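4 protein chains.
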Amino acid sequence: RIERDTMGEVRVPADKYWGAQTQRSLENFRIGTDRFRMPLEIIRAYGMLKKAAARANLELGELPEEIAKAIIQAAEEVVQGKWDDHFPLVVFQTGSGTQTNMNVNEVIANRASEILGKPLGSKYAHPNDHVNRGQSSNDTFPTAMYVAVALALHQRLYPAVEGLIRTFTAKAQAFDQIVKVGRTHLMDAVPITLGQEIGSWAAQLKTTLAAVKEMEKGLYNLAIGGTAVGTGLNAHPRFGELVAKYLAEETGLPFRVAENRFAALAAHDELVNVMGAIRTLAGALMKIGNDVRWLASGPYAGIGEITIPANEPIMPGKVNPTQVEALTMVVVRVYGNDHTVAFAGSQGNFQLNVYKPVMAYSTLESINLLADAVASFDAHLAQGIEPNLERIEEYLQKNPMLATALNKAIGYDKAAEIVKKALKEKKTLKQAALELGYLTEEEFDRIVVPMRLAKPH
Amino acid sequence: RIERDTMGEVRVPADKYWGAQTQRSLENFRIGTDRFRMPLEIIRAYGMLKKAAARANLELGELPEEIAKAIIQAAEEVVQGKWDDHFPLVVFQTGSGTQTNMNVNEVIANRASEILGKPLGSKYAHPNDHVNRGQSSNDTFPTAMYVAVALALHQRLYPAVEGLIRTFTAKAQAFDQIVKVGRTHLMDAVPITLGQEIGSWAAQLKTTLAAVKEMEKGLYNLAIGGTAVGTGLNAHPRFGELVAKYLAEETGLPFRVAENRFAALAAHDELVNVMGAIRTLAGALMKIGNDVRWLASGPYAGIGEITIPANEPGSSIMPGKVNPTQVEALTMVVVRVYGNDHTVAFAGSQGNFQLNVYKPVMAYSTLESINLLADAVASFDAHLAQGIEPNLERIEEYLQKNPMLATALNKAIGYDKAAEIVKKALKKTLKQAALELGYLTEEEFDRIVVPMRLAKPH
Amino acid sequence: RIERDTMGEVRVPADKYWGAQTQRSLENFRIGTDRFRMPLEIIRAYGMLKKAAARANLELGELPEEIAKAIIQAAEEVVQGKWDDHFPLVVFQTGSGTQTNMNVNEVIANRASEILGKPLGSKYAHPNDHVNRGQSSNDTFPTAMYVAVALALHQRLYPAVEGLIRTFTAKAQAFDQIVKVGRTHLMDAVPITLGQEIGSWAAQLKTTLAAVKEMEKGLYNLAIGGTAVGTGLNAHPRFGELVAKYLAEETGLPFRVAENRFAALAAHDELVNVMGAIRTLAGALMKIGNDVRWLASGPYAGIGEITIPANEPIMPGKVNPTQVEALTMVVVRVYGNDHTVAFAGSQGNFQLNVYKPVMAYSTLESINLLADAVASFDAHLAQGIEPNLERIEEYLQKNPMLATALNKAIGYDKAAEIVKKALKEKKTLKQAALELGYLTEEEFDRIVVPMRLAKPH
Amino acid sequence: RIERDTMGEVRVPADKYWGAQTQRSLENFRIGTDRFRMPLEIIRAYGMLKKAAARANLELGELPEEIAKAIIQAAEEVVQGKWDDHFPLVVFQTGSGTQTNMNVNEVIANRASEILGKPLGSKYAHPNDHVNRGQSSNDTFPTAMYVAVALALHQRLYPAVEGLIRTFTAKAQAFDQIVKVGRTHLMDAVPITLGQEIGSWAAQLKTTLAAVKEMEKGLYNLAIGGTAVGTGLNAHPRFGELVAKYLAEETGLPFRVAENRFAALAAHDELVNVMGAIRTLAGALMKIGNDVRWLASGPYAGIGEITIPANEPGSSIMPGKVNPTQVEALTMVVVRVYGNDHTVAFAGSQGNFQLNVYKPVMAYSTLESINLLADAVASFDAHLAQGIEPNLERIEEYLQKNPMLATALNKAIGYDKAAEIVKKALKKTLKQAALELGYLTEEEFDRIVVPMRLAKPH
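Heads up: the protein sequence lines correspond to chains B, A, B' and A', in order. A prime marks a further copy of an entry chain.
Heads up: the first sequence is residues 4 to 316, 320 to 463, going by PDB author numbering.
Heads up: the second sequence is residues 4 to 430, 433 to 463, going by PDB author numbering.
Heads up: the third sequence is residues 4 to 316, 320 to 463, going by PDB author numbering.
Heads up: the fourth sequence is residues 4 to 430, 433 to 463, going by PDB author numbering.
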């Protein structure tokens, strides 16, 4: 079809619901078109915002009853993802996300007009005067992105991490009776149990996940209502308040208007902190991932104290740790995303930080990739972790760390000799102690109890 | 003096109280000796830890009264900074901080022996058997570093940032009636007040400082009691618990043993997040600092809406020109801090098995950030922020050209008769153009054009 | 169709040329499927590698004549991009890029078999025994990625940056007679010309671009020939040498086998340095971009010494600097990409760094986004930069920096008084000097010559 | 002593040679006073610069013979480190380094006046009129910092890295006949030699050091002569040219004035790239260091293919166990260096108009990286690398289980009769299993199974 405005006539695909402005933008912004389409999470959140906005304005007498109801309906459709294919703009547009705001306004306006029995392009429901009433791209984009990130955390990241925590916790309980060598500086230290080792991974995830959930609270403070620079000019005094209330009712999260609307436009420090906590979580996943591949290294020239499930339905102990590699590659990508967000966050100027799209994009990318990788790592590796009892035992029984009990039982002299023999002849302390006649294969087991070292209290 | 360890005997300065393992580290790790001596915050915190440890072991029957009391006295002297010159080791030593732990054990043990009328190097009060009783460097170093960082936040960073928040809050109130041009994309936007702008800076600091204080809570969870790998082997069953209790009594902070002792040794994710929050605060300071120098730019060919105190001559002299030197020092600290964060988070991802062996550098870079920011924020506050003043004339010059002030005319005398006043008081003041044309009087003008109404529409 | 191997039977789209292994991989690797498809630059380069490999093996007597010629033909087709749609794997696979290597082997094998009159799936031309002869994913993936990045630099980044340099150089020459205020610490300093100011931007780009081109040379050292761990086991002693020679002949770049093949597999330090130089180039683009929006800030409350072309075919001086915003958002993304690559580069273990896919991806992303952004910034802003003579003049003529000549002509006392009057009455130094009778509007122009300050020698 | 500047008079220590602007900076920028005093490398380089400047101005008739000669003598004393204690300013001062430039001008001018029998504070040899003649802090600070960094690379970093390359090269040759198991994905792979593995470390250092030396060339382009903004206003037309010439004579490096003087003041992209290359070198050192500690891990329940020197007792004692402490110090320096790079590159993107005002921190973080790496590489080399020895028994234990050694049997006595020897000498040595089964003799075995053939197939 052909839409007409004071700027001229533009041709838009007859099946598309965006308007002339979006069509022009689609033809002008060509940076990263293939991989950087504006995240749909932002679009869905924008739908929620526009829906709450129509309701607020209607209630405050800023919009005609019928037109408002049509907008509310059209907006809800966007939220339900019925118009995802009508948003073709990239992340690399204006630093205020103006193009996407107008894309949202045009699609919802045209659909609203259609609902009201008007052909697309009529603007019966005006994109700017109605759908964008009392709003600016300046305050609505950051509002939409804060909501998008908060929802993405609950929808994808938390379920994935909480799932892996449950898996590790289950494995930790199941293997808590298996005593093994503990290592510090990568060197043989003292005994621990495989359950204690795996439990530490679960603990790191609980600790880092808790921090993400705490930082998440900063996202509850929205810029909505401050309009262009934070003064709220052109918006009803209660517009922001109501929009926040409705967003909170729809999401179940305690959203509210930021105590200071100026800072909510000039910076996005709350988002920076959320990304930072996600980065720390990623760091813990790298630590855990590496522990896993090192413990599974082998079959014979590594550590090999645990085995991981085959990558494709190669015997146990010879499986390449593919899930660790995919996970850690995601982790290094996440650290880079954090760098991008924090760097951008320090670059605001006066009344508006103009790096909003990329800050939102890199944070969402991190959330989605981590959610994908954690879920994959969990289902395809973590859940199938098993101990290699033979390897664990061989290391423990032949290690000097078990000589402790001997020193008090038969004196250091004899114990030291037993250890020296075992190491020299590559035998277990029990075997050496037997070939020396210092202790029977019976007395040894009564004096040397590995679990007493791993659980000394 | 001759000192010894399991490896043998070595010579140490007769006037120093450290021992053999300190001497070996001194000689074997000549890395960053000039600028990277282990932070005294860590040494003082270690003194607090060793005092609590002796107190706990005595209470639990693990140490004799005589020796324990001497150790407690010696440790307290360390906390008071009386032995600072007896810690000569660098940050770049063993990754577990073993050498500094032994430096602490040796100094306290020697001073304790002396307090008991025993000679130095005698080890009557033994560094390992007594001062380090039930401990490992693995759990004590991170315990001491978490305490050190938590205390430094309260002692230096918070007071500085809270001070700047107070200054900006006061300035915002004082200039809240000064209407000016807002800017978006760096372009002229709708009116705002200077008070709202400065107030936004204060808000950013409140928001970021709040996050640092929330992340600080993770430091309350200590590794103490986990000994070598987290099992607590060699420690009395109640040792860790009592030490954390005593540290809480000593500091006023709610220190407790971490729920999972193993993760407390294998990683320091809590410290990583504290540093991360500090990085965000630094980012806010850069944004604020840049706003300040841009607003004060010029003073003739820049924006120049505010003026700042002139504290030094400067390189190139020009009457009225004041380089924003305090902003430059602050932003240089900010870029340093982002690097510190990079270092801490990188190290945090590199733990292996039961121990992360990057502890010293993680603690050092976090403390450096705290100290530099505390220094720079306080300096910026005292030497610039407190002296910020508006340039009323320049502010008004810009405002009068703002199209928003002309919107009240379009619907008061017509769009043409209003746009015409724009082609007159432009290509000075609109209040004059309307007068020269008779379209409106100066009395009615100020009645139709009320900039504050635009800055505060609600 | 249905392919059959020792692992079982698999169903592959009748129109797709990949095999059972790729089909299984497509179904197993689900991390970042939407935005992280393996870069086609890597696929095209792999085609070049496989083509050179077939030729080398044929010449060395490692492959049957006919089968080799069919492979060479199939490979060339991949290079020409005729099979781009037959590579559906993501970047987040094994850290060795094994899945993509096999994807390349299967597609080329099936096409080769078809050319030889054999239905797809027959393996007449064997993916592993023929197409992958004397090769490993370990040495071929990094070889393909080094070639991909080097070509991407010449094909996209260099043309874009060289173009902007030409633009700035042209503008610098054209505006070299326009004297203006120079600024240090953001404060009024001494006079310069708009041409000198714009010329500095061109210089930064020349300097940073030169560094990228120097680091590029490190990519000429390929891992090809080292096979699994660098020993060259299972490959002809001259296989690597010949493959490198053929790659060099086809690209026009002096590719060769790395002096040390072990290091070429265990690390990719050369790629890290290339990304680092790209990061520095990005930093210069941010500096330049910011200078541009600050100089164009206005219309009346900023600097406004230059104007930028409208974003859509808003009067001069009121145009939002959209191209700067898009460019700087790309810059912060690039800094993050560099972080990812350098971090990954330090994580190699023993004989193989297993972060290859992500290191390659983040570097290529940076190259493509910068190429896109620089070209856009150039065509839509840089080329249309114009001076705002009125603003420039008003700042210069009313600035104390022009009083220098006065001091020597009429003494500091009078000159200082002239400046004090001009600033007090907001008038030009010439006007003030006239209202004081110290100098005529004629004598002033003979004593105060701005260009003599901007070009003192 | 009373000293003065355009702002007024101030009191300075009677035993110090600095002036008023140094004193003001001393008092107004108390940021990082303990660890961030301006690098002496920059001070020494500034001495070289001021010496060349006086020499150039004298040659060009811009300075009197008497005063010029005194300044040259005074400047040379600074280069020799005779006045190090007279530079008390920190890195976190003005972003242009103006305060340090004046600190240099004041010390040299006072010493010059004294050399001419004049009293301190008299300014017979004036800090601004003579020592700073034809210069600005804007062009001299980056000139001094580029020279400082270039010299530090040659004086400290290159010798250290070249030394380690030599050590690894020697070790690789000595162990090139020791066949071992290669590892990919951390899993057992095909055979290689210990010499090839260690050789790869040497290669990584050669590759990264080469890039640092290439980036170093960008530092040869100096800002000198551009004065305040790049125009050269106030400088003699040949001043910059001669100064660069004299600096080249003095240092042996090909210093020249940058083609574009403006970009030399508005940015320091060359320094950013040098730091970037240093970061890559650090990454290689981490990879190498990690390989070293993993190979030495154990020594009983780890990989343990190599052993390293034991330099200290350590925390937990176990016969034969040696913590890889030198690797820990080195990798902690590496994570610090990545942070330094982040800082330098961040600052590099923040220049505005005619001047980047993050100069001090950019120079400082680069020099810190150079010095810490030089320290750590040298330490790691002397205290660990030079003592690396193979654990022949462990290496052989792993190799014998490698499937590749069994491939020569499958086609020598059958796949079944070969796979059977794998179910015997596994669930010790394959050379024994073949004997106990009579399938092959020990003489024929070593004739069929030649591991080196696998490690060196070409």
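Don't take every hint at face value.
As the list claims (entries may be wrong) - Dumping the calculated BS3-like pairs for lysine-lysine here, alpha-carbon to alpha-carbon at most 30 Å:
1. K427/A - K85/B'
2. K72/B - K19/B
3. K414/A - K414/B'
4. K220/B' - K430/A
5. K324/B' - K427/A
6. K414/B' - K461/B'
7. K85/A' - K209/A'
8. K433/A' - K461/B
9. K404/A - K427/A
10. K420/B - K432/B
11. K121/B - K85/B
12. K426/A - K461/B'
13. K433/A' - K324/B
14. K209/B - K209/A
15. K404/A - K414/B'
16. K430/B - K433/A'
17. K85/B' - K19/B'
18. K404/A - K19/B'
19. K248/B' - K220/B'
Think of the hints as simulated: they come from the structure by calculation, not from any bench.
Open item on the list: Does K209/A' sit within 30 Å of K85/A', going by the straight-line distance between their CA atoms?
Closed with: violated (37 Å)
- [ ] Please work out if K121/B and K85/B have their alpha carbons no farther apart than 30 Å.
- [x] Given that 30 Å is the threshold and the Cα spacing comes to 19 Å, the pair holds.
Task: Pair hint outcome, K324/B' versus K427/A [Cα-Cα no greater than 30 Å] - done: Holds, because 19 Å separates the two Cα atoms, which is no more than 30 Å.
Task: Pairwise hint evaluation, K427/A against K404/A, where the allowed Cα distance is 30 Å at most - done: Holds, at about 11 Å.
- [ ] Take the C-alpha atoms of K209/B and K209/A, compute the straight-line distance between them, and say whether it is at most 30 Å.
- [x] holds (27 Å)
TODO: Given the hint that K220/B' pairs with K430/A, test it: the Cα-Cα distance must not exceed 30 Å.
DONE: With a Cα-Cα distance of about 57 Å, the restraint between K220/B' and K430/A is violated, given a limit of 30 Å.
Open item on the list: Hinted pair, alpha-carbon criterion (30 Å max): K248/B', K220/B'. Please report holds or violated.
Closed with: At roughly 16 Å apart (the allowed maximum being 30 Å), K220/B' and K248/B' satisfy the hint.
TODO: Decide if the proposed pair is consistent with the structure: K414/A and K414/B', CA atoms, cutoff 30 Å inclusive.
DONE: violated (56 Å)
Task: Agreement of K404/A and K19/B' with the hint, judged by alpha carbon distance not exceeding 30 Å - done: violated (65 Å)
Open item on the list: Holds or violated: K433/A' and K324/B, Cα atoms, limit 30 Å.
Closed with: holds (19 Å)
Open item on the list: For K420/B and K432/B, compute the direct alpha-carbon distance and say whether it is at most 30 Å.
Closed with: Roughly 18 Å separates the two Cα atoms, so the pair holds.
- [ ] For the pair we were handed, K85/B' and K19/B', check the Cα-Cα distance against 30 Å.
- [x] Holds, at about 12 Å.
Comparing the model with each earlier hint shows violations of hints 1, 3, 4, 7, 8, 12, 15, 18; every other hint is respected.
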